[PDB]
Structures are given as structure tokens and as C-alpha cells.
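A single chain, nothing else alongside it, follows as C-alpha cells in the form deposited in one PDB entry.
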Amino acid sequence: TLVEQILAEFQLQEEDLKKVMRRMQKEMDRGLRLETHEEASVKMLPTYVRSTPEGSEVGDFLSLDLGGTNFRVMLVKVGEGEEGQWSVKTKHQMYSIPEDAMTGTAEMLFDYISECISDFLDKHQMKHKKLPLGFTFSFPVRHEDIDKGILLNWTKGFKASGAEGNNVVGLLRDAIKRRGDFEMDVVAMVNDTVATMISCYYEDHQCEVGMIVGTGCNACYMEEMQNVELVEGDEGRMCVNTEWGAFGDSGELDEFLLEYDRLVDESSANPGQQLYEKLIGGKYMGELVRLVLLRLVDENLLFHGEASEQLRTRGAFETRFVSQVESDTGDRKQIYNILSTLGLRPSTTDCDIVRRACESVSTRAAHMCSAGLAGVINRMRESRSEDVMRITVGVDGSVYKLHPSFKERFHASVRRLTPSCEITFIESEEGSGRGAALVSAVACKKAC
């Protein structure tokens, strides 16, 4: 109990999640009206991907994904069958992100990207061609059009200087001309939430949400255009990147924020920002555990009171440990080897506590997230017909796909909050690559 008292702190009651779900619905409406959109913590951003597409182009497209831990490049082909486009990644390649790119200027970052883009085109001899290029850019962007928009600010721990405030698609081109090595027609810039929804629509036409629970946490949904005041028009629907990770930045979570959350936030690349994301994201979960463990040893409840050298350095506890720990079959060998690598010698009950700590952190994350989705799905259900409103949600992100139980805890809780709704989850088999391509395919029936 002395331990379970400290852990029970991470608990959230059914009534707590409802309160969170209602507060999200609120910030959502606030960021959609013109009069509040500006200081709304949930920015609710028009993506310019719209309800009824005009028509699509076929052929190969070049897709970029940045915003992950890693930058990726892939070529995807696009065709047409009975029900809309089919897409399929045909070639691909990842490129680690250097420290000299993340510290330097936006200009340096993008040249590095320009390079990897040429390196890629080498290995597959294609440097001589000019294809439509879809860009999945996993950051808050204020779009002027499907291929126009500026970076509002970095999240997840990117710093590249003098990037905020500028057009991203521009900079991409800027860097390609700083090469002459090749040409590319940049036709669409989309959020990963959005890339993922689109990749999934073609599978299930009812797929109208894209949720990412990976290093960050964000969601996007199809909204009524008359509700999108920042964009002119009333017919049809535009996809809206909620950027809900910023939920709580106006202080809507304060009654739920634990000391471990205050500490993570303080030391983060962005104090006071992405507060909701820091309860859930992968950038942050392993760190929450680490802080919890360190609290537990400072109360002589763990590791005999003595914390490791690494256990004491920030970020030393990787989110992917939290998974491994929660995967241990019950024999404790999975948990032991982990703490072993971190310079500790866990007793048996040491291991059993660390399991409990993870479960406490990740399960909070699961539920906190479900409130958010639930509040989206409720909002959609509100401006829309009804009986049992079926709806599909396209999902992606390591935390969701790999953490052994987050998925189960998350589905259960979402459903508890959404009666009358029959929610279906699909995991995007390469949703970035093909979501972008699919969106470029239709953007490019205008720019080609």
C-alpha cells in the first residue's frame, strides 16, 4: 500500500475521463470559431483536404515523412479500382537525423533532407525524373492551401532555428534548388494524422478520423465546412488537424497534473506546451516512469534506496522499456535484463514494483487518450444524422501498436464513453507514405 498509495495517484475515475472528454469538446469548438481560434489551446487547423475530391491522377509519387525520430523517403504507386485509388509503397529508405541538423538552421536541416532525397534517387536510379512529391510533416502547421503553410512551432523536441513562422513547403523547394541535382513538383503537405486517415478511407470509406499515438499524440477528423470559420465555405467537409496535444496549455488539465508531469515539462524542449501530449506521448512516457521510480527509491521503497547512475540521467528510461516491462511473462527475466542494462540489481519485488509503475503510467495514458478520441467522436456524432452512428478510426504510432496492452485499455475506455457509437479501428499499413501519395494524387490533378 505504501507503494500503491503513490501509484494510485495516476488513477482516473470514469467521471474524471468524462470531465476531460467534455473539456476537450470545449477547446475544440473554441479553436474553430474565428473569435477564439487565436488563443484556443486546441488550434483545430484546416488541412485543406476536402470532403468530395474532384478526381485523382495515377502513377508513382514521391512521399516524405518527417517528424518521426527518423526521416524517411519512399516511392508509392497509385491506381484505381471500383472504389477509389489503390496505393502501395514500392521502394523506401530511412535516414537518421544528425545532431548538427537539429541544432543548426532550418536551412541546414532541409539540405540534409535534400541530400537524403538525392541519396535515395541514386540507389534507385530515378534522379532524372520529376514526380509529384507528397510531404507528411508531423508538426502544427497553419495551412493556406493543400500545398501552402507555415510552421506554428516545433514539438516533440525539434529545434532547427529560424523555422517557426515560415512556409515549410517553400523551404523544401529552397533546398532542392540549393542542389540543381533534381527537380520535384511539391503538390501536397499533410499531417501524419491526416496522412493516416486517408490511407484508411480507401480501405473503409467510413474512416473519418486519424489518430497518432507514437512519439507524439494527435488526432484529425472530418468537420462540417460551415463549422470551419477560418476557411470560407459551408458545403462539404474539411479535415481538421486538432493538434490536441496542446490541450491543457490553457491550464485545463491542472487538476490532474502530477509532480512527475510538472518535472518532465520543466526539463522539456518546450515548457508549458503539449501538456496533454506529455501524459501520453512516447517522447515522454518512459521519462514519466523514470521519475516515478526515482521517487520510489527516495522513499526507500525500491533498489534499497540506491538509484543507479543512468537511472538518474534524463531520458535514460526509454518508452520501449515500459513496453518490455509490461510484456514480461511473469518470470521477471524481461524486467531484470532491462534494469540490469541500467546498472541496477533488482530484487524480485523491485521488479514487481517497476511493472506496477509502468502499468500506472501507461494506463493513465491509455485512458487520458480515450477521453480525447471520445470527445472527437461525440462532437462528430453531434453534427450528423444518427442512430447507432458507426465510424472508423485510422490509427498509428508505436505506443498504440507495440505497447502490449495500451491498445486494449484504450479501446475499452473509448467505448465506455461512446455509447450509440460503433467504433472501428484500423491500423495504417504504411499510412504516411500512401496517405500523402493518395492526397498528392488528387492535389496533382490540379497542379499537373
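So that the term is clear: the rigid core is the largest set of C-alpha atoms that superpose within 1.5 Å between two forms. Numbering follows the first chain given and starts at 1. What changes on going to the form deposited in another entry:
Superposed on the rigid core, the two forms differ between the two forms by 2 Å or more at the C-alpha of one listed residue only; from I117, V209, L344, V292 that residue is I117. With the core superposed, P404 shows a C-alpha displacement below 2 Å between the two forms.
After superposition on the rigid core, the Cα atom of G67 is displaced by 2 Å or more between the two forms.
Positional change of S56 between the two forms reaches 2 Å or more at the C-alpha, relative to the superposed core.
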Given for the second form:
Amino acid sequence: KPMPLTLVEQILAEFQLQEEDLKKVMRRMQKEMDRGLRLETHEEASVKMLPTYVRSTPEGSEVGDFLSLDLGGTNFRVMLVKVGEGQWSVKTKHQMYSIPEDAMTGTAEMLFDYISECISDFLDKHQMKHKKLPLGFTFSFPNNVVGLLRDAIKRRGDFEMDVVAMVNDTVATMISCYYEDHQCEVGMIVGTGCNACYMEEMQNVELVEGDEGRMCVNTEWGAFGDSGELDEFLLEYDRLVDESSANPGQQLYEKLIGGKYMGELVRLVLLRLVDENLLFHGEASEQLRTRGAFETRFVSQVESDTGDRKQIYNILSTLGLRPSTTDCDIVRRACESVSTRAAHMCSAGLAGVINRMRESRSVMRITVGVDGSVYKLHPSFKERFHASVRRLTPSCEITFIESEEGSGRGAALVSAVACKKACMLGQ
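Please move on to the form deposited in another entry, as the form deposited in one PDB entry is already shown.
The text that comes after this line covers the one chain and nothing more.
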């Protein structure tokens, strides 16, 4: 690597977070998680620590047979599932259906009429119209669906079917990863938003009576920062993003991490560098000066550049810029600075959860299931994230996994849990 321009590095170094900074954040997050779990303070807590009712012990045992409906981009899978017996066997049969142009381009109602017709055909094929099966949705993308399907089934009026509430995406991640690795007790998403769930000791889940076993808690930790917990770490860019957001003052933690805001943060950093005459010869394009024009996907593409600067040039050319080679290199480092800080901030949260779990259970081996566009698509984000988390979690051995599509059985397990939960809750 070349000797970087000192004045650029001074600006980009603003994003640095030292171990002590992350430990401070981690401790603050842990106090907010405490606040969310306790009966006395839950109502006012910003980090809600929602009980998911997904317990460490099997429940809804009367749910044996169910449907799982996996929504892809332009097709879907209907799957009939039987969960049986000491670890669960997940027995399946399924069918892929292509969504025709007709059904994909009309109203959501018409689309779900078509989906319902396919379910009907599927149940006819497998001679299952004698049962009112529960159905859970899963998503495998490269108005809400529960309601649309519920309405469409009512519309048909020929077979009865319950559509169960979906679990949170973090919970779905944990469950699907658990299918592959039974030490998975944490689910996390780093996509457009950022969130985590984990298996909390029932004694600490004060919102649900009982001290036996564990229950998954959905932290909804994106809301962290409400009372200034992150203020000392906020940069001018963060303040601007927040001020122009739909919910100023809220979701400040998520605003530091999520793909919703990452590109915009980079844009503002680039404009700062332009204003200081360190980038594009002090001349920004009209596109560069337009809110939202630097898409988060551009950040990942810039960091994917192989060294020839062609990926970076193509992004910047699209923005009406004619970057020099130095301009391209600076943009890469600006992207790296923002994404690294996101990884650092995210690691403080997960570290807080993991260290809490270790002390609640009193060295800990644990698997963390992770999904989301940023974690998956962003070059080296997961690697930087992993390294930081591990640095903050001494005496824990953390394995990170991503759900493998496989034969859809991980997704089937998500639906099993969703259906069993709905049964347990009297829905």
C-alpha cells in the first residue's frame, strides 16, 4: 500500500473506535438490556428485550403436521412438514411453483389468490384437505404476507387453514442455524436494519413467570442510543443522517450500523473531503450532493475492488464524477472507515449479549447464527466483525454460521417453531 495522504487520514480517523470505546458501548448496551428484561423498567426501556415465547423446551406438542411456505423472488415452495422424535426429525414433501406474469404484475390480492390456488392443488395432491393445517412463512430472497394469505384463503372458502404469525427475522436466523448446529443460541441480522436475539435464562426474563430453562429474547437493540448512550461517538455525518431521517433521535444504534444509512454516511464523508479540497479537486457532482445517491450497495462494490480501481471508477462515473486514481483510493478508504465502524459498533452489541450469556450461565462455547445483506455481501465486514467480537469476549469460543438453504429443513424448523408457538399461545 502507498503512504496515504495525511489530511485524508485525519478526517477518516474520526471513525476509529478503540477497545476502551467499544467496552464502554458494550457496558451501556448491557445496562439497557438489563432495563428491558426487568418488570419494573421494561415499559420505559428503549431496548425492549421482547420475550419471543420460543423456549428451550419443546412446546405445542399437538402440532405435528404443518405447511411451510417459502417465498423466493419469483417463485415459492409449498412444503408439508411432519416433525417427530431427543432431537426432532423433520419429514417433508414439497413443490416449487412459478408465479406467472399475470399473478406477479397485478394486485397483491390476485397474487395471493394464485398462491392459495397452488396450496389447494398441493393439498389435493397429498390428500390433506381433511385437516386444518397451520402454515408458517419463510423467506429466501436473493399489507403483509400473513394477512394477504389469510384473506385469500377466506376468499376461496373451500379449505380451512391457519396462517401463523411469523417470528422475528433474528429468531428465524437462530432457529434455522440451530437446525444445522445445536449450539446456536444467538441470532443476528446485519442488513438494512440490525438486531439480535438470544436464549436468555428464564429467571432473567421477568416478563414471563418461571425460572426453568431458557427463552429467546428479541432485543430490538436498534433503539439503543435514545438517552444519549452513543452521543460521545456520534460524528457530524451521523447527526446529519439522523436529522434528515424519518425518526430523528430514534434508532441511533441502528443508524450507525444498518445498510439503510451506510451509503448516506459515506456520501457525507465524501462531501466533507470535497469541501476540504481533498477529493475530486473540490468539485462534487449534483448526484453526489443528492441525498441517497450513494447507495449502500456502492459501499460494498467499492470495497470489492480488486486493486485496478475499475469497480470504483464505474460507481463514481455513474455519479457524474471523473475520479483520478487517488480519488478512487480515497473513496475506498472512506467506505472502509464507515463499514469498519459499523462492524465495531455491531460487535459491541453482540459482545454485550455473549458476555451476559456467559455470566448468566457461569469458558463458554456458543454458536451465533447471522444473516443480512451487510454481513453477507459486504467484503470483509464479517471478518472485521468476527475479529472485534472475539476481542471483546475473552473466555468465549464463538462459532459464526450462516443458514444453508440445504433441502429447506432449517426453514421448515422455523415454521415448526412458529406453528408450535401459535398453538401454545392459543392463537
